[PDB]
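The chain below stands alone and is given as structure tokens, in the form deposited in one PDB entry.
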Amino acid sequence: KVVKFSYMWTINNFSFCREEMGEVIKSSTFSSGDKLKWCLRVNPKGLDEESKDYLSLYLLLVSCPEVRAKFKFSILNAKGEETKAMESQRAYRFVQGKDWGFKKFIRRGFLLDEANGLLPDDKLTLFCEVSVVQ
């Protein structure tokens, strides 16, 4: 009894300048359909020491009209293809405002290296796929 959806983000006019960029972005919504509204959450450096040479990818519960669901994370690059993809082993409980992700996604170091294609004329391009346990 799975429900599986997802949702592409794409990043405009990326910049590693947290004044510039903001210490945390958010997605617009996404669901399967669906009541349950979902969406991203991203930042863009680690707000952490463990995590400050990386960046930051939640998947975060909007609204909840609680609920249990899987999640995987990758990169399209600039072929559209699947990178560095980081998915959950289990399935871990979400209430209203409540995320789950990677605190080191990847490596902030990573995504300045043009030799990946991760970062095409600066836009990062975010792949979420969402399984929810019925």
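Under this definition, the rigid core comprises the largest set of C-alpha atoms superposing within 1.5 Å between the forms. Residue numbers count along the first chain shown, from 1. What changes on going to the form deposited in another entry:
- Relative to the superposed rigid core, the position of the CA of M21 differs between the two forms by 2 Å or more.
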The other form holds:
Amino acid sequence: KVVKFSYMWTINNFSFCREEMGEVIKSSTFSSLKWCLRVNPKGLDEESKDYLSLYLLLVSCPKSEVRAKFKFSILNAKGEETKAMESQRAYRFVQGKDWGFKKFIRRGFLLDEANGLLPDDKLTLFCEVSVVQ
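Having seen the form deposited in one PDB entry, please provide the structure of the form deposited in another entry.
A lone chain is what you will see next.
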């Protein structure tokens, strides 16, 4: 059984900067099992304070083993995937486990308007999850 699904997360007014190092924003829950995304706009910790950290969390309790490959990307103004980062294998998700990237994208890259990744100051993240069971 293969189940692939996605979620698009729009974070408005991203430049507002009301989340300090270690602080988190969580997305609404989604499914194809319930999942959510968690982002640290100023990094998970001191070694990552210069990056957005981004994680996929399994919220619900599965009945059988869940392994998932995941890919996170940023959508530009044309809706195209850019700066994608993909898990190098399927990871085991149990209830309450997250997996992701502590250094998903540089804050100083994302925040510079010229790179075009915050159109109307909106950060749009796209998460694709391929579940095998």
